[PDB]
Amino acid sequence: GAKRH
Amino acid sequence: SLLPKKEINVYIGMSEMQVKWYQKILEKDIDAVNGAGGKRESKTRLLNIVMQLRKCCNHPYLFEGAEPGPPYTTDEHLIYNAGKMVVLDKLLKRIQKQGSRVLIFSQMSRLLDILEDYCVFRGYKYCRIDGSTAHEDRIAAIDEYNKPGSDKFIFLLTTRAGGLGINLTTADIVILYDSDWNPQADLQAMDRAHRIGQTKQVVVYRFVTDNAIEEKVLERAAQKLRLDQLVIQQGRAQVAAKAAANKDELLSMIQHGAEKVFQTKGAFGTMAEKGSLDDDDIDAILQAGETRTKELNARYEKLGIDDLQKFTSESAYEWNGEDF
Amino acid sequence: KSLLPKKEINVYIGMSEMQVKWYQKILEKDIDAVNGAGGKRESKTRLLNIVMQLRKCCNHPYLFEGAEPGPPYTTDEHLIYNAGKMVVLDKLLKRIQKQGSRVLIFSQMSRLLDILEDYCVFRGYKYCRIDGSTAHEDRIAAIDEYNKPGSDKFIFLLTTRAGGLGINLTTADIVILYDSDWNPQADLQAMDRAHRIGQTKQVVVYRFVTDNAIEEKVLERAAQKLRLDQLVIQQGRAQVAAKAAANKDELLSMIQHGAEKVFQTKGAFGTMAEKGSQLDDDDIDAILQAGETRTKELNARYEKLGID
Numbered sequence: 014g015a016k017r018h
Numbered sequence: 408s409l410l411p412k413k414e415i416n417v418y419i420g421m422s423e424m425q426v427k428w429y430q431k432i433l434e435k436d437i438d439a440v441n442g443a444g445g446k447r448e449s450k451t452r453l454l455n456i457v458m459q460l461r462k463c464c465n466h467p468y469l470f471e472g473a474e475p476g477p478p479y480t481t482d483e484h485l486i487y488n489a490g491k492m493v494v495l496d497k498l499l500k501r502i503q504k505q506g507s508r509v510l511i512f513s514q515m516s517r518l519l520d521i522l523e524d525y526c527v528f529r530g531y532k533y534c535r536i537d538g539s540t541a542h543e544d545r546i547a548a549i550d551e552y553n554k555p556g557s558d559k560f561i562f563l564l565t566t567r568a569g570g571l572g573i574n575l576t577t578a579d580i581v582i583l584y585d586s587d588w589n590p591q592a593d594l595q596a597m598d599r600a601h602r603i604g605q606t607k608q609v610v611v612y613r614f615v616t617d618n619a620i621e622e623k624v625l626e627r628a629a630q631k632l633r634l635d636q637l638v639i640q641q642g643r644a645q646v647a648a649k650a651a652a653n654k655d656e657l658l659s660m661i662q663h664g665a666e667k668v669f670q671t672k673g674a675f676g677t678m679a680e681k682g683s685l686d687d688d689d690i691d692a693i694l695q696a697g698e699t700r701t702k703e704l705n706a707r708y709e710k711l712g713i714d715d716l717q718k719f720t721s722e723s724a725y726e727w728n729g730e731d732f
Numbered sequence: 407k408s409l410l411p412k413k414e415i416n417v418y419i420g421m422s423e424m425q426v427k428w429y430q431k432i433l434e435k436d437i438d439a440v441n442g443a444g445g446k447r448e449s450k451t452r453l454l455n456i457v458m459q460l461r462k463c464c465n466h467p468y469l470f471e472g473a474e475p476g477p478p479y480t481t482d483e484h485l486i487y488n489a490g491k492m493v494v495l496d497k498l499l500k501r502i503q504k505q506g507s508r509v510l511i512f513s514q515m516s517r518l519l520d521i522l523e524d525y526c527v528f529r530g531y532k533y534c535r536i537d538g539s540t541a542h543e544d545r546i547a548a549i550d551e552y553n554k555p556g557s558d559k560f561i562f563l564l565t566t567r568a569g570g571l572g573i574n575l576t577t578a579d580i581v582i583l584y585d586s587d588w589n590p591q592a593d594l595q596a597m598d599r600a601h602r603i604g605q606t607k608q609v610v611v612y613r614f615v616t617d618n619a620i621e622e623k624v625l626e627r628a629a630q631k632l633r634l635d636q637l638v639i640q641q642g643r644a645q646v647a648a649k650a651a652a653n654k655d656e657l658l659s660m661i662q663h664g665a666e667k668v669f670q671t672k673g674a675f676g677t678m679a680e681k682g683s684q685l686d687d688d689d690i691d692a693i694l695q696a697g698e699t700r701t702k703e704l705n706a707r708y709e710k711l712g713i714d
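Residue numbers (PDB author numbering), protein chains in the order written: chain V, 14 to 18; chain M, 408 to 683, 685 to 732; chain G, 407 to 714.
None of these hints come from the bench; they were simulated from the model. No residue lacks a Cβ here, since even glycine has one placed at the ideal position from N, Cα and C. Some hints here could point you the wrong way.
[Claimed, not checked] The calculated label-pair distances, taken between Cβ atoms and stated as ranges, are:
{"hint": "1", "chain 1": "G", "residue 1": "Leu704", "chain 2": "M", "residue 2": "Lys667", "range": "53 to 63 Å"}
{"hint": "2", "chain 1": "G", "residue 1": "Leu704", "chain 2": "M", "residue 2": "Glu448", "range": "45 to 55 Å"}
{"hint": "3", "chain 1": "G", "residue 1": "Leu704", "chain 2": "M", "residue 2": "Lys435", "range": "26 to 36 Å"}
{"hint": "4", "chain 1": "M", "residue 1": "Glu448", "chain 2": "G", "residue 2": "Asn574", "range": "42 to 52 Å"}
{"hint": "5", "chain 1": "G", "residue 1": "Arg447", "chain 2": "M", "residue 2": "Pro411", "range": "42 to 52 Å"}
{"hint": "6", "chain 1": "M", "residue 1": "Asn574", "chain 2": "G", "residue 2": "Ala647", "range": "27 to 37 Å"}
{"hint": "7", "chain 1": "G", "residue 1": "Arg627", "chain 2": "M", "residue 2": "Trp727", "range": "21 to 31 Å"}
{"hint": "8", "chain 1": "V", "residue 1": "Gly14", "chain 2": "M", "residue 2": "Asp714", "range": "55 to 65 Å"}
{"hint": "9", "chain 1": "M", "residue 1": "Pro411", "chain 2": "G", "residue 2": "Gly604", "range": "55 to 65 Å"}
{"hint": "10", "chain 1": "M", "residue 1": "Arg501", "chain 2": "G", "residue 2": "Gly712", "range": "29 to 39 Å"}
{"hint": "11", "chain 1": "M", "residue 1": "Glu543", "chain 2": "G", "residue 2": "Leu704", "range": "35 to 45 Å"}
[Claimed, not checked] In the SDA-like style, the derived pairs of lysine to any residue whose C-alpha atoms are separated by at most 25 Å in a straight line are:
{"hint": "12", "chain 1": "G", "residue 1": "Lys631", "chain 2": "M", "residue 2": "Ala706"}
{"hint": "13", "chain 1": "M", "residue 1": "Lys623", "chain 2": "G", "residue 2": "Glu523"}
{"hint": "14", "chain 1": "G", "residue 1": "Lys702", "chain 2": "M", "residue 2": "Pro590"}
[Unchecked claim] Short, incomplete list of chain M residues facing chain G, as computed with Cβ under 7 Å:
{"hint": "15", "residue": "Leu453"}
{"hint": "16", "residue": "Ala547"}
{"hint": "17", "residue": "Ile549"}
{"hint": "18", "residue": "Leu694"}
{"hint": "19", "residue": "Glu698"}
Just chain V, same shape as in the assembly:
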């Protein structure tokens, strides 16, 4: 999903 994970 999101890159910050």
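Following the hints, put chains M and G in place on chain V, whose structure we already have.
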């Protein structure tokens, strides 16, 4: 002609969420904050507090559990929970409006992860180089951003990762999301755009968290930059003390007063008067000599390296100014 | 305790009627080298030879053989008034002794100290001497003879070479540099035999300089070398300071910066407190304007510092 770069420090505050985590970090080790530990303790405990405060000053979501609980959604709060993200939101909006492209540098690759989600949430086309990116892949990211008529607008990079001497002159604005302890790592990041090939005025925006740790970090790195520039300009002072005498120098020493020596049919100046003496005449000598001494010392001690340095063409002796 | 700074005074001296003849003879016997004829590889050796002879002439013509009146060679008044520096020295010492001062006399040439020895005998001045011929034991024995309380000695003759050996002569207060070393740090090391911790009086240094001759031009060249050494010293400090990692206090001041104000905050901080949501152009133009002001203010603070 390459236009000198504009460098502007953007002093920024913190969101309420940042204040919470900033306090939470100081509270976890508040006895180290008060400086209560012995002078023997390692730098580790203080350095850890420093890095967590940098993570707090960059974005709260760098800490686990910070971002609001499940389900996790990319949203506007990804921007409005960090003081830099709010300033960046409008700064990028104004950068894109005037037809300018921007490189964005950061110290932490997990922050570029946050900026990646921001770029898609805002519709920005981009490239990214972490330093975990291979050699061939970061080549394509360079050329993609440099392509004539490129689609990309923002370039995400970590401060050190690019290498040396890469060319990103197609962009005109550089945004340092956070600074480096080494002022040369950041100046190398600015010069990715500010180098030969750039036609437009390069502007560098250095995000700084005011009234926090990043403000004092700024002054420590500013001194390091100033101290660096002082070593550099004296790099030729090593040779000047080392340098032996020229043929031009030796010739000038011998010729000094040589004509008056050849003219003197009797004796030279001081001895022409008497040559026996009156303590009035000796006290007149010492007073005149002390005057000439103070003039000589004050004349030279105010000089710098640019006045005492001998060019290499000095030893390229050709002819006499006027003959002897 | 208080150690009075040294008064460094160049005393410019002329040349005797005899000296001018030799200075001319030196210049005439190699007038082609003075003009500048020859290549640099071969004429620098020719010029360096002229330099030493002119320094020898500025010191005393008797350094040349056959200059002094023929055999037998006796110490009379002609030993003094045939050299400009000796005449100035002769009246300076007479004043120095009357004011209750003792003097260390340095020189580059040991053969000048030999001339100075016969002068001291001619005037009755008790002296000792370290010229680097002397062995370690002998040097020690002479230092002790000069510093002893109630000493009989008044003059101490040294070669500038033998100055920087760690000897202490604080019982003397006057230093006379008959001639100067091309490296100022060697002459400056000679001064600190008297001007070091232990001296109670004002150290006065007289630097003999043959005016309007080669010794005057060298004096300005030594000041260049002296200043460049200071800049290298200053560069070393800036070099070391740049290499220093943050101290534990440097780390502490960075963490504590604003820590009290953050603990004091309940809402938002700084910019986010001011407006802190979506920002108009007026909000951004106010930040960038105030920020650019602080950047000029910050750079100006450090751009006015430099190896001082």
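To see whether the hints hold, each was checked on the structure:
1. G:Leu704 - M:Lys667: 53 to 63 Å: holds (57 Å)
2. G:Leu704 - M:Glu448: 45 to 55 Å: violated (32 Å)
3. G:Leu704 - M:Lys435: 26 to 36 Å: holds (32 Å)
4. M:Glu448 - G:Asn574: 42 to 52 Å: holds (44 Å)
5. G:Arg447 - M:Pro411: 42 to 52 Å: holds (46 Å)
6. M:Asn574 - G:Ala647: 27 to 37 Å: holds (34 Å)
7. G:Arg627 - M:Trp727: 21 to 31 Å: holds (22 Å)
8. V:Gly14 - M:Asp714: 55 to 65 Å: The hint (55 to 65 Å, Cβ to Cβ) holds, given that V:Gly14 and M:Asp714 are roughly 60 Å apart.
9. M:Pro411 - G:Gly604: 55 to 65 Å: holds (56 Å)
10. M:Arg501 - G:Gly712: 29 to 39 Å: At roughly 38 Å between Cβ atoms, G:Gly712 and M:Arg501 fall inside 29 to 39 Å, so the hint holds.
11. M:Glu543 - G:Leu704: 35 to 45 Å: Given range 35 to 45 Å: holds, Cβ gap about 41 Å.
12. G:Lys631 - M:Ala706: This hinted pair holds, its Cα atoms lying about 15 Å apart.
13. M:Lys623 - G:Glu523: Status violated; Cα separation ~66 Å.
14. G:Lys702 - M:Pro590: Holds, at roughly 17 Å.
15. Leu453: holds (4 Å)
16. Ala547: Status violated, d = 34 Å.
17. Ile549: violated (29 Å)
18. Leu694: holds (6 Å)
19. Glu698: Holds - the Cβ of M:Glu698 comes within 7 Å of chain G, reaching about 5 Å at its closest.
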